[PDB]
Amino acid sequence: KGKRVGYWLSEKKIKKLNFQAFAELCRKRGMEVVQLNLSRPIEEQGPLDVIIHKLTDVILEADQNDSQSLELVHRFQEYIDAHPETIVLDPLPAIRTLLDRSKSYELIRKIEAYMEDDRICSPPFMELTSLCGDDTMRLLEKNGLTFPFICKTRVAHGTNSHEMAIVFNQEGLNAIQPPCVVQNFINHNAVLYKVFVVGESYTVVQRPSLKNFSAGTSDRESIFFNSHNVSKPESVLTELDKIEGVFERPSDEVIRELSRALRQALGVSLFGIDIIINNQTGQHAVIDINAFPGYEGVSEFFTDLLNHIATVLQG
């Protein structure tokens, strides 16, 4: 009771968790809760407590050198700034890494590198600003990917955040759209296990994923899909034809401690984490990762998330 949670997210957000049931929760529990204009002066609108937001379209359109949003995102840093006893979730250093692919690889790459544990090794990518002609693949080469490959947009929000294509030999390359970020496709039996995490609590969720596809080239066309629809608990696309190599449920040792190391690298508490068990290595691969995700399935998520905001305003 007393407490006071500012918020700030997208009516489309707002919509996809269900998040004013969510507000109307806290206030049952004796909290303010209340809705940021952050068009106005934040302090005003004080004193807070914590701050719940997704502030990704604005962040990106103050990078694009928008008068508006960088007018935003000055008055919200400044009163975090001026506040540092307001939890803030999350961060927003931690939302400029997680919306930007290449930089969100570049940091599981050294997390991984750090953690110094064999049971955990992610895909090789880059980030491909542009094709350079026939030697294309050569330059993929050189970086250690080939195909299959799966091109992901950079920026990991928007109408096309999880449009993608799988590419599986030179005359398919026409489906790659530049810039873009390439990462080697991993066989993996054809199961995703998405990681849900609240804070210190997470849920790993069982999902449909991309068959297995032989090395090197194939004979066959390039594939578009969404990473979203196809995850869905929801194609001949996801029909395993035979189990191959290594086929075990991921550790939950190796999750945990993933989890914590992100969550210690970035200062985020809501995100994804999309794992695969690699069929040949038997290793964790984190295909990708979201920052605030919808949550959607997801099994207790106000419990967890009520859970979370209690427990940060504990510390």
The other form holds:
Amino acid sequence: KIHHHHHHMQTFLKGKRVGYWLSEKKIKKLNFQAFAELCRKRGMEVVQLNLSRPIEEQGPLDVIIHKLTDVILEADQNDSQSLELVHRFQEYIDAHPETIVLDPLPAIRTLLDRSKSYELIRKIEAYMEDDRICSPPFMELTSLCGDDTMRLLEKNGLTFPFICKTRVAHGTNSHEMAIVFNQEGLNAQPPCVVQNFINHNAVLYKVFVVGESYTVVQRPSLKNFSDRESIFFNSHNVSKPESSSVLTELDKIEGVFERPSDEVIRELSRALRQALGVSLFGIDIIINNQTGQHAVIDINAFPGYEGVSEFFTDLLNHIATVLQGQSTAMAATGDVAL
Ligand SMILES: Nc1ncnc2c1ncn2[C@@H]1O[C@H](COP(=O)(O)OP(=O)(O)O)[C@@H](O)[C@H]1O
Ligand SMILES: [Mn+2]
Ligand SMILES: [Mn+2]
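Starting from the form solved without ligand ADP, produce the coordinates for the form deposited with ligand ADP bound.
Time for the whole complex; same chain goes first.
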């Protein structure tokens, strides 16, 4: 009843070379050393890349796995060292189209921007036209509230309550959010993205995607919800494995309370991977308690995968798959085929 296997494509891993770039912090959290040992047993060479040195000397490389998200963000903020690292990486990539990059920098750049990510999700959803999926209205706000704010929100389908998030999707302060409940609450900061709050019975379904495989991990999440003051919170107090606070304590189950559909997750995963070219990412899905629809409220490059015990195996399987796809010239053409 598992019909997809990898034994045959794994045979081709012997002799392949995988470079990786990950922060020391992420290497520790993932225990990336254990993955590197797994690859050797299949006859792969794994090597940590040093982006301060020419990359040519470090190759040849068949695959590069990275999480350069934060370096890219710092390069965006004109950090000279980070700019140098990114340029050196890009130079290499450009010179070596045979090197498979997990994942392409254009996708990483999209995932660093909530406004861009949400618009991509919205368009993908409009293209799929599946009634089991809803795209919460959202918009980017680039000025402090004023006299026209209410009309602007209304015109774009924003309703109270809505959540305010930073436009930059990663790094310092990127997880500081606010829930705005009324007009008085509008003093809650550009550039931010506002997005309609969806009651979802305080259960978050983190879909952790590793190319062709995913694992759904339930997490705590904001409770259902008014002249009340806006709420300011930091999202790592909310939806981490051990998160526990009044913000996540559901008063009672209300409306539709169902687990996500694997059919739906599969179509979302395929569409996002095919459109963006990502493979190592997470989709945060909540179930709208008024419609039972799936709402994708966050998409993250190369997340923590806490609670995904099969990560290294899945990752090795994905590496085998991309090498197989490359070997047989399995290039996508045209638009995303639904
Ligand atoms: N539109 C929304 N409606 C209801 N809850 C939301 C919404 N967006 C985010 N959340 C809640 O806030 C948490 C953090 O939001 P998310 O967009 O995942 O930010 P982050 O990038 O910081 O993880 C989510 O895990 C979920 O609990
Ligand atoms: Mn999230
Ligand atoms: Mn996120």
